[PDB]
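S.K.: All chains should be built: construct the whole structure from the sequences, respecting the hints.
Here is how the chains run, residue by residue.
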Amino acid sequence: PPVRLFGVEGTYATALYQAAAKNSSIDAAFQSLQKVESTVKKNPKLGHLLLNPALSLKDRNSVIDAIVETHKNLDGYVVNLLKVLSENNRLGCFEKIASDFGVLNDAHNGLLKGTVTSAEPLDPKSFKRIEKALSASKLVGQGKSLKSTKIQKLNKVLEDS
Amino acid sequence: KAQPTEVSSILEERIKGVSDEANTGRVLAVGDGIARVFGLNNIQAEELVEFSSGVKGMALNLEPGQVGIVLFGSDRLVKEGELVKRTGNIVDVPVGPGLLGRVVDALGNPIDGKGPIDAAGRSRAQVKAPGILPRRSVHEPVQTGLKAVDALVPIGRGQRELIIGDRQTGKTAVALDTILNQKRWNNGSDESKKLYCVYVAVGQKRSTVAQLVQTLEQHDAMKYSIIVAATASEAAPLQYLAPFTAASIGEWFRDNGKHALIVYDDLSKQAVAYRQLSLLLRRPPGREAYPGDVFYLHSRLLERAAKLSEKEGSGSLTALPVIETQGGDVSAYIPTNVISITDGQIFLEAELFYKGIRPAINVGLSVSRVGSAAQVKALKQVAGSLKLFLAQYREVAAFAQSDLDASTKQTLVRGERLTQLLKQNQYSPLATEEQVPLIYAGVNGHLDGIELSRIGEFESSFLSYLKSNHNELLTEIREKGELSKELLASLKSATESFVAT
Amino acid sequence: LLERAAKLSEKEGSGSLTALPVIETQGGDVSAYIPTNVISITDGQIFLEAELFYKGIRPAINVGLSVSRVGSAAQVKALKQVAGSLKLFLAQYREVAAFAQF
Amino acid sequence: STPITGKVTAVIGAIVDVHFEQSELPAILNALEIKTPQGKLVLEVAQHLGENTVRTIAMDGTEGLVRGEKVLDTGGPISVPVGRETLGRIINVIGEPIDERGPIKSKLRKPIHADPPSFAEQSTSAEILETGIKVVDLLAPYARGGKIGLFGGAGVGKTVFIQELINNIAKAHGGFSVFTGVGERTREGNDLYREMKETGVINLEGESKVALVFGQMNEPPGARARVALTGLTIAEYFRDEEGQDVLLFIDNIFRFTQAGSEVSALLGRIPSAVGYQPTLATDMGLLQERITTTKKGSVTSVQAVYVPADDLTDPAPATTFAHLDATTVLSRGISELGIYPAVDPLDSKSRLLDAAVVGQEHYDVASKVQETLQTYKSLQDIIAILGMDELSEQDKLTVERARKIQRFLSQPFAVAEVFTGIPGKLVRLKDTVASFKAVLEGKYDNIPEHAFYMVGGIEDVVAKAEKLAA
Amino acid sequence: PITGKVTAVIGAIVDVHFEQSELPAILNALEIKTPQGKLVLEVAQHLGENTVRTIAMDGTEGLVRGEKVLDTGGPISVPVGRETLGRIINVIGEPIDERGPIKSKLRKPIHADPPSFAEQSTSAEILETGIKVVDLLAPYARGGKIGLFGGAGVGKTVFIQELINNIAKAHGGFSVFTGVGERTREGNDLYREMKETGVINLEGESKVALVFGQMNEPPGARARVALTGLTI
Ligand SMILES: Nc1ncnc2c1ncn2[C@@H]1O[C@H](COP(=O)(O)OP(=O)(O)NP(=O)(O)O)[C@@H](O)[C@H]1O
Ligand SMILES: Nc1ncnc2c1ncn2[C@@H]1O[C@H](COP(=O)(O)OP(=O)(O)NP(=O)(O)O)[C@@H](O)[C@H]1O
Ligand SMILES: [Mg+2]
Ligand SMILES: [Mg+2]
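Residue numbers (the authors' numbering), protein chains in the order written: chain O, 8 to 154, 181 to 194; chain K, 4 to 26, 30 to 407, 410 to 509; chain C, 307 to 408; chain D, 6 to 475; chain E, 8 to 239.
Keep in mind that a hint or two might mislead.
[What the hints assert, rightly or not] With a Cα cut of at most 20 angstroms, we get these calculated EDC-like pairs of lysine to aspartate or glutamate:
1) D/75 x D/38
2) D/112 x D/200
3) K/361 x D/200
4) K/361 x D/369
5) K/134 x E/104
6) D/448 x D/422
7) D/373 x K/459
8) O/90 x O/102
9) K/475 x K/459
10) K/134 x E/68
11) K/431 x D/366
12) D/382 x K/357
13) K/493 x K/504
14) D/300 x D/471
15) C/313 x D/104
16) K/383 x K/494
17) D/112 x D/212
18) K/386 x K/487
19) C/313 x D/369
20) E/202 x E/212
21) K/417 x D/400
22) K/361 x D/376
23) D/382 x D/359
24) K/19 x O/127
25) D/373 x K/355
26) K/19 x O/34
27) D/401 x D/471
28) O/145 x O/193
29) D/401 x K/411
30) D/430 x D/454
31) K/431 x K/459
32) O/90 x E/56
Just so you know, these hints were derived from the structure itself, not from any lab.
M.R.: As structure tokens, this is what we get:
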């Protein structure tokens, strides 16, 4: 897909997207990737045991296989993601692989970017011109607390003259 | 932090399947004569490999994910993703006498349009030097024909004498006259007395090599010489390899009870080549950007030269490495290493050269650690005085500018004549029995009478006269190799007769 | 930059641009990187020297080393006429003044 | 139309990375094109970085380049027009005209990278090419078919010398000639093009005897690094396919090495010594070895060699020596004496100075002249310290003769009239040897030193001797 | 028996992988078996992820990635004691004089601890050499270090042999001659000259053990030989 996403560190999630895009296997991969991060960050248990430069090749593979058999959504192609990072010493940056998977689904089936204040709506219609015009009018009236760009430009012009 | 091998293209292959190909390697990247390759997992260090396009290369860095192969040809031939095949082969070379009179590249290929080499076998480019045990002390002369060298800087068989000087001083000329002088024996019958020539040309203009060929053929020297050619324009690996490649060619003769001599022209340029490879492979640089093992490079090469012991067939390999100083700098990184490996140096200087003293041998700076032991006993007989006289002549030299006492006057009288006697036109090396008379008449003061310009025509006329009227004494020197108490009065008498006439 | 200085042809209006770059050395060394670069880029140099200065030659131009490669082409004819050979002569002068030290 | 497209992914100075679809990369040394607002921008593939990305070098300025911009594969190396159609034209690195005389209408173009002739294609000949220049023809005579370098630090007279050569050689020469301007002064080139017209060598409404290839220092490294091969290819074509005599003039070949230097690091190579690229030796080799007489025809080349910081042992020139049949070494010390050309009579060498090629007498004169000056050089210690007074009589004469000789080696060039106001004198090789012979045997000991300075043959020594004594 | 795998080969630098906390300490001897005999590798660094970086004691041509590597569980060790006299030994404690193995009673690591500040000599003291010049003008330290200067043509080896003899004869202590960066020619000379002078006695007893480490050997070898001998 034309998304770039770096080229060395960002290629971890893009590599498995090619095999997961067959027979409708992209939907189940979103909810399974979130369970790996959540049970390691806010668990204090398997984080300190895996981030160290000890263990072994066989010990890292057995720990991933035992966790995945009792957790939600890990019986398809999810087991293969953890194995690749165990042997190549890449288990320390698990948040980077899960973050770069979600950006693929939201770029080819939705909008992104921003506008002003907080976030925009991020519609999944078609073209960006017909989406942004119909969403700007509906989000300006509803909410919009406004808590300056025009004032700053006027002041600068008068001090330079 | 980051690494190579699996990246983007190579990283999107193991996610779908951990098999794909059951095998060979794949070029990850290529440039500057280097190609990085994935796989080839069973490859040996320094294994030759072959690319889809047909260019060969060798594997030098074996890294976790990738192999680092150096190219033998233009890397325009190589592309990313290309297939690479092991040849399961450490660089070797055909060796044996079917090579005599041939001009090969560094891999043993024929470059002279004369068909396939007939190899008595093959030897790896890299080989252990003969150890502490299977060597004898150097004891047979390499007679170069050059008066100055044979008389004052005697070379032994198995020795490693280094030829050194700035550019354009005469370095090749010294070597080439050694080669040209072997006809005396190589045309004869007696094996133990012949000497086969091996000229390793490194990063020379091909037209030069061509002409060096056209020069030995003009002296019928080709028939017993081998040119390994790694010309200016060829891949650095070939320039790196050529001397080891040729080294193993020499050892054939060494190992087989015969004798070769090997000229490395030059080691300066080999070191430059090694450098290119390393830097590109991004091996860490030291002094002048050479790798740590640049010494080890040259030690390995020159330690292979030797005089083997009786048990080993008593064969021998002699080494004439050429080293090119820059503005005379012997402290320069490479010259340091090499000078400290060799058994001495023949030292050239453009100063002496423009004076007209050719060969332009600095005598004061040239030594042969082997020395005495390697000299036609006869030449060593009438010349133990020669280094003595020319030493004292170097010390009273500046007195050449009105009121000098007869002692230091005399010293200047020998010196000029003696120095004159060691000038020698190119390509005309002298037979020993032709040197010893001239060096005799010199040292024992039979030229002091003669003027300094006539010392030219003196040599010519003396020798041709000695030939007609005293061919018998000349014959005894050539045959006995020593001088009788009678022979000394013979020569003395024949000289005093010619000097009077 | 320095190539941007040139003397245009008649077709192009005959306009010129003339450049006097300056370069500072250390310890008189002109063989250091940058000076070397520019030295060979320009149509000649004027070397100023501290030794000359303190003994009273000001401008402390070094005739020995200063050149204009255009030369007489850009001198005024009158100046040219009476300056015939001066620069060579001034060289011969340093020559005899070095031999004077004997 | 079967065109290959890529996109620009980086620009860092003169280095432009381009990205292409799956295993479909242009090979190393291929040209790429980018169609810009004014003209096109040529690239040259340098490495295959991997992941379908190539590192290129730009044959122009890289400002204005936008990442993600379409790149086009020409399918092969940079092309130049070749043959007789390049005669009288000025060409830039990328085989495009710069004389505004319309398009170079040749039948063939040719890749500027090509392989150097096999060992077995070589042709050795000891033939002698008379320059007209006294010191060369006497001491270090140039070889027809040879290669001939002119070493010199900045402003010692290389470009003037090389032009004096063109002034003489390039008329008497029956065949064709290429001149390559590699990183010199746009204005020098200007002069040449205006001289060629007036010497007649070029004729924009008729027959011309020379091709002009320019890539001056006003141009970025990539360009300055390939225009030698552009020129060199045009030569090659006359050598091999017009089967004939060429004269290849390169000024200045050191800028091929320098330009190599300026992008080396940006291509990610560790510097070698004196901060030169690791590939100095082989890169120079890979060019120089093409400039060569072969069985199909003969090239004869004159290459000016910049000697940086007047240091001859600088890796760059130090390497070039091995490549030349004849070396003319210009010296600041010489030139500072008002002795033009600035040739160092001792350090200059040419293989042809051998009795077998020039005869014994020539070789003997040439050797003695050298001994003379070598002695005179050796005695300059005793002259400074104890004057000229404290000398042997033979010595006093050797010095007298050496000084007379130093001067007879200078000579007014035609080209350099702007500098001497003295008319250009050309001397015949036999006249050179005879006059030096005479000088050497003392048959001229009475004539004052100044009579030998900036004159032609011994005629002119006598003429001046009297004209001054008047 | 601890075992690893070759993961990287770069000139005299080899990289070996291992299993969890089995990594040999730095300065350990690792062996790979070759068609000839054994290549020895000295450990320089634990790079992490169970990998050690080594420096070779010989060439590395022909090494294939993933090759067996045995840990000796120590530094390089040499034969020691009387059994080494008249023997030629190399950097890795091997006979190179083709007269069998040295049959020593022990073996000792070439890397060791300098005698603590306790075990120190409180007084400087002259070692008698028996040479007039020396003893009278430039007397030797006992347990001291003497810089010997001069190339050839000056009887260096004769003089060395004299001291080996005189230290043995007058005092009653042996000598160890170490050749660091040896020119092999001179190793063959020395060895012969020593036999000829009978400081080496193939039939009776020697006074000197010979430990050579010549030029042709790779940088690791040439660094350690001094210790190899010193240990002895
Ligand atoms: N004994 C001699 N008599 C006369 N001429 C000689 C002699 N030795 C060398 N020459 C000439 O001097 C020049 C230099 O000799 P040469 O063998 O090229 O030295 P070199 O170190 O190999 N120069 P190079 O290696 O090309 O930088 C050659 O052109 C020879 O023709
Ligand atoms: N034959 C000559 N007679 C008189 N002056 C000369 C002669 N040759 C050179 N010069 C002087 O030296 C200057 C430099 O000449 P030039 O040929 O441009 O040197 P150069 O070495 O080619 N400069 P560069 O190309 O940067 O190395 C000129 O401006 C002339 O004054
Ligand atoms: Mg040579
Ligand atoms: Mg110029």
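S.K.: Mind checking the alpha carbons of residue 112 of chain D and residue 212 of chain D for me, to see if they're no more than 20 angstroms apart?
M.R.: Between residue 112 of chain D and residue 212 of chain D the Cα gap is close to 18 angstroms, so the pair holds against 20 angstroms.
S.K.: Holds or violated: are the alpha carbons of residue 361 of chain K and residue 369 of chain D at most 20 angstroms from each other?
M.R.: Holds. Residue 361 of chain K to residue 369 of chain D sits at ~13 angstroms (cutoff 20 angstroms).
S.K.: Next pair to validate is residue 19 of chain K with residue 34 of chain O; report whether the Cα-Cα distance is within 20 angstroms.
M.R.: Measuring from Cα to Cα gives roughly 17 angstroms; hence the hint holds.
S.K.: Please work out if residue 431 of chain K and residue 459 of chain K have their alpha carbons no farther apart than 20 angstroms.
M.R.: At roughly 16 angstroms apart (the allowed maximum being 20 angstroms), residue 459 of chain K and residue 431 of chain K satisfy the hint.
S.K.: Decide if the proposed pair is consistent with the structure: residue 134 of chain K and residue 104 of chain E, CA atoms, cutoff 20 angstroms inclusive.
M.R.: holds (16 angstroms)
S.K.: Straight-line Cα separation of residue 300 of chain D and residue 471 of chain D no greater than 20 angstroms?
M.R.: violated (53 angstroms)
S.K.: Given the proposed pairing of residue 112 of chain D with residue 200 of chain D, does the C-alpha separation stay at or below 20 angstroms?
M.R.: Status violated; Cα separation ~29 angstroms.
S.K.: Given the hint that residue 361 of chain K pairs with residue 200 of chain D, does the C-alpha gap stay at or below 20 angstroms?
M.R.: Cα-Cα ~43 angstroms, so violated.
S.K.: Would you mind confirming whether the straight-line C-alpha gap from residue 373 of chain D to residue 459 of chain K stays at or under 20 angstroms?
M.R.: Given pair residue 373 of chain D, residue 459 of chain K holds - Cα atoms ~18 angstroms apart, limit 20 angstroms.
S.K.: Starting from residue 401 of chain D, check that the Cα of residue 411 of chain K is at most 20 angstroms away, please.
M.R.: holds (17 angstroms)
S.K.: Are the Cα positions of residue 475 of chain K and residue 459 of chain K separated by 20 angstroms at most?
M.R.: Distance ~24 angstroms between residue 475 of chain K and residue 459 of chain K Cα, so the pair is violated.
S.K.: Quickly compare the C-alpha distance for residue 448 of chain D and residue 422 of chain D to 20 angstroms and report which way the hint goes.
M.R.: Distance of about 31 angstroms is beyond 20 angstroms: violated.
Of the hints listed earlier, those the structure fails to meet are numbers 2, 3, 6, 9, 14, 19, 23, 24, 27, 28, in rising order.
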